[PDB]
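*Asks:* Listed below are the residues making up each chain.
Protein chains: 2
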Amino acid sequence: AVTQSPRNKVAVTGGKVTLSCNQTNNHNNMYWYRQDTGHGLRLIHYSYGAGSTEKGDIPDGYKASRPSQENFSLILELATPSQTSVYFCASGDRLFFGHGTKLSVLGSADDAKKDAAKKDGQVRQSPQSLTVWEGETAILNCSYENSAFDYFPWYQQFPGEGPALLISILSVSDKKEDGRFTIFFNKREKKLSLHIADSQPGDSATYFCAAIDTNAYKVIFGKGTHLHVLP
Amino acid sequence: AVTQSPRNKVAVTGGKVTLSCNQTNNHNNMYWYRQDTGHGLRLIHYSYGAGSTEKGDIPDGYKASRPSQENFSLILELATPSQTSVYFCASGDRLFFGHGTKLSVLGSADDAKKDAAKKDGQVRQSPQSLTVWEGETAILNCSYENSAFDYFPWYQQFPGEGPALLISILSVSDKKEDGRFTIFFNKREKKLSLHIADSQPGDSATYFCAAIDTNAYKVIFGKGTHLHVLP
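Keeping their order, the protein sequence lines are chains A and B. Be aware that the first sequence starts at 13, since it is given in the working numbering, and climbs by one per residue. Be aware that the second sequence starts at 13, since it is given in the working numbering, and climbs by one per residue.
Hint data in this document are derived by calculation from the structure and do not stem from the laboratory. The reader is advised that the hints may include incorrect statements.
Pairs involving identical chains hold if they fit within one copy or between any two copies, as the list cannot separate such chains.
Cross-link-like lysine-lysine pairs, in silico, DSS-like; alpha carbons within 25 Å at most [said to hold, decoys possible]: (1) 203 <-> 131; (2) 67 <-> 235; (3) 235 <-> 126; (4) 114 <-> 235; (5) 126 <-> 67; (6) 131 <-> 67; (7) 130 <-> 67; (8) 75 <-> 230; (9) 125 <-> 202; (10) 230 <-> 67; (11) 235 <-> 187.
Chain A on its own, in the form it takes in the complex:
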């Protein structure tokens, strides 16, 4: 058995956290990993016997102590929110893992309101990728946080070309219609939709939604939707 303690932990930024691991396997080697999206398992620190600690691939912000054969601790002296993760102890000669410790390091004042300034200047598109058969209505969506945005242009971009204006709406309206192209604009929800009716293969392109403050003179772009219209 490899047993970890605690199994869930919440801490505050700047706090100190210690994670404990106990093994009964009688193994010389122990390991601390964390598990994150996009990263798999990254080795933080390890130990090849009692009294010894070795920095792993990602040591910074952590220390370790192997006081005895059975015990390997992981010490976060100044917890940061980047330390939020699932942490796994393992013992080996042929490698056995604990059950995991979920750690949540909370943000600041500073963090929470900087992370609100952040969002408020973003335009968010969904989906990133949209595949429809020809004849479906393809529906692309955009959302924004600034109430001062009043003009909403959409751009259409074909491979090896620059974006070209497709269709726009001013916040005074709830609907703009031009051929196969309709904008629906919900000012209370701060949410816009572009409907391409009777979709054709030749409408396959990257679609960008922007949000322009017509007074403060600044242009904010969504990251885009890749549209694929299949015959």
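Fit chain B to the known structure of chain A by using the hints.
*Replies:* Coordinates of chain B only, in the frame set by chain A:
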């Protein structure tokens, strides 16, 4: 109306690049963006009239010059590979784009060295996500670059638990079979497959391939395959 020059450029990490944009719209504002996977369009520098330049969201490593109404230049004094991208000039008062300029920055001797050194210690899994119906044979794939790796365990990990060893092969062998679980291992090609025959819902899990040098004592993990076996 908005024309860039050149349209394709290749340069060397030492060098200096200048991108030119010429507009005919008689517009006061001009903009330089780059386009990258994941980032959408990001504004590097802009200009609100002849003689004026303003840093955008991502100015570091670029300069800009607005010598006249018509002309807006983008200068990379010390081109890094991070500056490889498609660059778009736009003019405005309502925003028009050029056609784009593909810039490729190579890639020194130290770099290509460092970059082969990093792959060589890496284990690669494909695909990140695999969905099959129950009864299909789920095939998960792995590959490595170091010839010294000779022991290849697989781990199976269920939600809210640690990885547990599933099945392993030694490089002396080309096939290991245990129940529903087969490893096929190609030493010449350095490629390894796990086959789950007669797959069932309860096989849904994250599967890790690892490569272990039994001599040099290091565990290298792949990033994982999330398997979904649908009833």
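*Asks:* If a hint holds in the structure, say so; if it doesn't, say that too.
*Replies:* Each hint tested on the structure:
no., hint, result
1, 203 <-> 131, "within (14 Å within a copy, 44 Å between copies)"
2, 67 <-> 235, "between (38 Å within a copy, 21 Å between copies)"
3, 235 <-> 126, "within (21 Å within a copy, 32 Å between copies)"
4, 114 <-> 235, "between (32 Å within a copy, 19 Å between copies)"
5, 126 <-> 67, "between (33 Å within a copy, 21 Å between copies)"
6, 131 <-> 67, "between (37 Å within a copy, 21 Å between copies)"
7, 130 <-> 67, "between (35 Å within a copy, 18 Å between copies)"
8, 75 <-> 230, "between (46 Å within a copy, 20 Å between copies)"
9, 125 <-> 202, "within (20 Å within a copy, 50 Å between copies)"
10, 230 <-> 67, "between (47 Å within a copy, 13 Å between copies)"
11, 235 <-> 187, "within (23 Å within a copy, 46 Å between copies)"
The earlier numbered hints are all upheld by this structure, with none contradicted.
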